[PDB]
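Just the one chain here, laid out as structure tokens, in the form deposited in one PDB entry.
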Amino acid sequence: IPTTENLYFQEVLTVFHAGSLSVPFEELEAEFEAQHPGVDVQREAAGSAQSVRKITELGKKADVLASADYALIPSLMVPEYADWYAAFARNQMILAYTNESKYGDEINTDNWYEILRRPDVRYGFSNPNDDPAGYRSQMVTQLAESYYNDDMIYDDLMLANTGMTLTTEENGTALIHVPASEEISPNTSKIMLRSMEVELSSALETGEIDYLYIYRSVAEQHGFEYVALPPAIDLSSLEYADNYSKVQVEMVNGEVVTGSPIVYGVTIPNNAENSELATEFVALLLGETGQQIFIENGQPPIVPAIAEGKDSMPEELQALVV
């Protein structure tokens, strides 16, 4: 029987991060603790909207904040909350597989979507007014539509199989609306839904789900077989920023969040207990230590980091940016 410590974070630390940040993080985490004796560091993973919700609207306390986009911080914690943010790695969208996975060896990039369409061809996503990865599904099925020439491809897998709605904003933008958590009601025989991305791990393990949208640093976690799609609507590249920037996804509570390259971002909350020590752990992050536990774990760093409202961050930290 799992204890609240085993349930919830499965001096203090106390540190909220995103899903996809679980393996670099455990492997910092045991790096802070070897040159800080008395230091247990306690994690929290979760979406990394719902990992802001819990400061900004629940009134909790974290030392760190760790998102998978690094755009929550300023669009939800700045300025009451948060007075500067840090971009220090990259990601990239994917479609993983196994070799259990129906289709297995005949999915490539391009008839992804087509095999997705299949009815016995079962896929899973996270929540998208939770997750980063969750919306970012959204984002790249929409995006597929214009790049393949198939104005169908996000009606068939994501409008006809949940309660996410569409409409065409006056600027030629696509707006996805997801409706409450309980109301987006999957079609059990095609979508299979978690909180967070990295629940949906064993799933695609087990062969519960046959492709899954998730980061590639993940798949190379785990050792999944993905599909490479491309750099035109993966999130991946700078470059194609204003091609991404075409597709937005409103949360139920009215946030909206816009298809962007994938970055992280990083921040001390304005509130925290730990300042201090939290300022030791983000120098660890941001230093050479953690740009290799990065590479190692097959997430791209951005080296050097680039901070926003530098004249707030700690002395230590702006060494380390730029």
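Residue numbers count along the first chain shown, from 1. What changes on going to the form deposited in another entry:
Hinge residue among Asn91, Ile176, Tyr70, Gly134 for the rigid-body motion between these two forms: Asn91.
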The other form holds:
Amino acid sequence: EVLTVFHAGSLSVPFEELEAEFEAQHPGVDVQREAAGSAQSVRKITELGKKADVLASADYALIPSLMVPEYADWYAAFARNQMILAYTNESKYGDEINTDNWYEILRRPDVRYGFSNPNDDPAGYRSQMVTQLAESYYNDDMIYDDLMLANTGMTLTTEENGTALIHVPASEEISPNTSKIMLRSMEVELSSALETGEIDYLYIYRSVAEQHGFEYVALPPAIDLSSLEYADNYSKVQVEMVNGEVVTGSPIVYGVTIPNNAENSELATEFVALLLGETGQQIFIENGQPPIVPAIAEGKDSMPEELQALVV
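Alright, leaving the form deposited in one PDB entry aside, put up the form deposited in another entry.
Excluded here are partners and other molecules; the one chain stands alone.
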């Protein structure tokens, strides 16, 4: 028996642990994972005619947006990422920093922080969103100005409806104050720089911090993009990139489905049951991608009975 699983690259570590566990309890089974970007993984099914037993997206909304109803009848939001501020024992004021004061530490002139290119990398525009959202949370209307506007060519306007709009110029025009900011397209350059102490703090996902053994400051769920329940707070910030595309703050939440054309749906059910069950929950916890428990499903009445038991 073969089980074909198409998953987002960022699900690679937990899905490997899932594959091992699944093969252990099911001796006959060959689990064949294919990792790609989330939209790319979906398009294999919805455009390229490829058949998977399981599709897991790093943005759950791609599923209803591109697969429903032709390729899927249900989906489940099962885990999340969360923006954090990473540091190490070599970072300035690392002993002082906490959820209440992180932006005050970053305002100190001798502290340097890193984030990804907001044109290129969702981690990049997400660092801007989280910093702007902080203003309303901590009642301090100068956080984004002091940390980002004062030190880059990014600008900010307020759209008639109250929404904060961050404008990112051409990458070559962001021109960061390099005493305050390290900005890179390649995330590995930023995590290397944090490790050597070239930067003090780094805006990245919790999963990436845990993989590197970095310390981190957990940020309030009202601002950290992790939580379905704060979706209306997150949408109060938008980012416009050089090309004109606009992105809106929103929860970073993973989704799963078994496609309508799965060649082994019964084996897929067993795999998703492992994923949504206690075993999969611990695996996700251990990779810094906290599970949503029970998972929240749409189209629950069309799900296999076994999976219905594992969703809200």
